[PDB]
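Next up: a single chain in structure tokens, the form deposited in one PDB entry.
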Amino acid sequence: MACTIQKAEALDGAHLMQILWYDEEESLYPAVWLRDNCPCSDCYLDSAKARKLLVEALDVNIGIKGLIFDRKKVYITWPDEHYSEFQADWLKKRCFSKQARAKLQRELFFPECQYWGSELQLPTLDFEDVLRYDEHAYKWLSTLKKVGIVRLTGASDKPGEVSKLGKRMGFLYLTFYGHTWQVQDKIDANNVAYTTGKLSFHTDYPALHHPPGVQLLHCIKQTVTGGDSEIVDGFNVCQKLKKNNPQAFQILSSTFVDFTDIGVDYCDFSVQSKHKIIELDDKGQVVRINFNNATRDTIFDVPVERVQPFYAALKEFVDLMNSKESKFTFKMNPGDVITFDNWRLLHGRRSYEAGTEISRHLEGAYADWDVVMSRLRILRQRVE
């Protein structure tokens, strides 16, 4: 009933088509949008699933010249004699009602989000199962999107495991630190990560204007002397901050902070960026956290009177992240891989002891959320 056409007619100076569906619901489609979306071979390249029609070809004041229909299709003539056919199901999916549009957006972008604190049950799957089975790889990526982290257990204790996951996704995101990179204590370290020091909560790579969306970290060697992992749900923390201290939230979501990274690794680099630490979308919703205290520049591009209040806000934010209700701590063992949303979570590590041999070694890499989401869309379709 819902996608079967009972009546189709041109209305409002013929600038709209109305469909009455067999469940008595009505849908409205502007003529200009129909013309723009003609699926004929002149207008639309089927092999590419892409529009050939130019904006220049589109009369924005167009009206429908004629229309006939049956239960499954509408057939339209245009004023310049162009002819179009539209399928009922295709029309129904693209209905302009708020409910229909929102449903479709949920299907495209997987917005469901489960916020968490110290009660987190770390989602865990088997590494080889994820590589082998679409059902498991679907569970991996959909959980990564919804919860912001998944642990994979049973990988090897050798390099090359994150690269396998990269291929399973599609491809990894190359940066100045390489295609993959080795977290271990290094002489003349070019990054605080490559020491035995504590890493407080941070996101990776705010020195880029487009920080990595997803991070992969594979434990190859672990030390008994420290090196525990800690994570927090940045979106959950930002919610608490807005409630508890709206001025601090306002400062952190409005102040551009400069980040920097200069050195040599995969290539020689001199990188500079500006970000708001709490990055909001046009509707006021937090979409990314951009914060690494190590790479925050000494350069701070604000008037003198805004400085101390910024630090005071930052301190409140960090104190909230460190709260026993917010953080989750765990320790990686050799063969574990964590995969997480680097736009949402902040992560850290406990200090550990230096010595003469390497006592601790992670291999890491990055991926782009668009690459990950593409694989997720494909997997859903394959498993359903």
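Superpose the two forms; the largest set of C-alphas matching within 1.5 Å is the rigid core. Positions refer to the first chain, counted from 1. Compared with the form deposited in another entry:
- Only one of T153, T225, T260, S156 has its Cα shifted by 2 Å or more between these two forms after fitting on the core, and that residue is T225.
- Relative to the superposed core, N293 undergoes a C-alpha shift smaller than 2 Å between these two forms.
- After superposition on the rigid core, displacement of the C-alpha of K186 between these two forms amounts to 2 Å or more.
- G197 shows a C-alpha shift of 2 Å or greater between these two forms [criterion: core-superposed Cα displacement of 2 Å].
May I ask for the structure of the form deposited in another entry now, the form deposited in one PDB entry having been displayed?
Only a single chain is listed, so you will not see partners or other molecules.
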């Protein structure tokens, strides 16, 4: 009833079209845009969903010669005698109103996320379920996007589980550490020679210009005492950060920091990058956090007068993350696989207790948000 056309006209100048639907809603469409998106086989390929029409063959000052219509189609003719047909629902979807434009975007990028601090309820799902049923994989990825972390439980106690979640999404993000990477730790109890420390909050691989979108951490076998994992919602924190200290937020969202990483793994390497600890989009919203104090280079490209104030804003930031109001604590169990957003969440670890025995085997991997995102859309279509 809203996708049905009541009145369609080319207005004045013939450079714009007005569609009035049976729900008393009006839409405006630029002729030049209509010409550029003619559904005709000569201009578009339905299969590849690509446009054949060349820009060179596009009169930016084009105007509608004439048009007729019915309830679900608009017929347009142009000066060069070119013919086009547009579907009512196709137009409606692409309405230039602020609301229609906003709605379509929501439908394309799943921008809704749920903020959280220490009151977070860690989402859970079954590893094998996510593999066999799409209803679940959809629940897995859509939750990962909204919340930023999902705990898949019930995986084997051997390597190769993250690889399976890889095929499920599409493919992992190959880095200098390889396709996957195994972490292994073993310290006998009562050993006075060793000393364990905590792990300050961070995001992985900030030494790359395009950091890994999501991380996959499978816990094969783990026997520890106080190695509780900790995590904070970078977005939530940033919001609170500017609200409680604009000066800090300013500096961190505008000062470029250099990150490096040299070594040999999948090959010899030497990476460097410049990132702003708090990256914002052109509209001022936090889109990614880039921070790993261990990889922040000793080189700092900025005038001396900026240095001290910078370290101050960083301090305030790290303190805000450590406040119990921001950090969620939990513990991984053998067979579990953690999956989170590395642009959003910052993770760390508590301090292993005393001289207690510690032994763990973990397998990790990264995935790109474009791959996950693509998978999410295909999956949302299979489930709905």
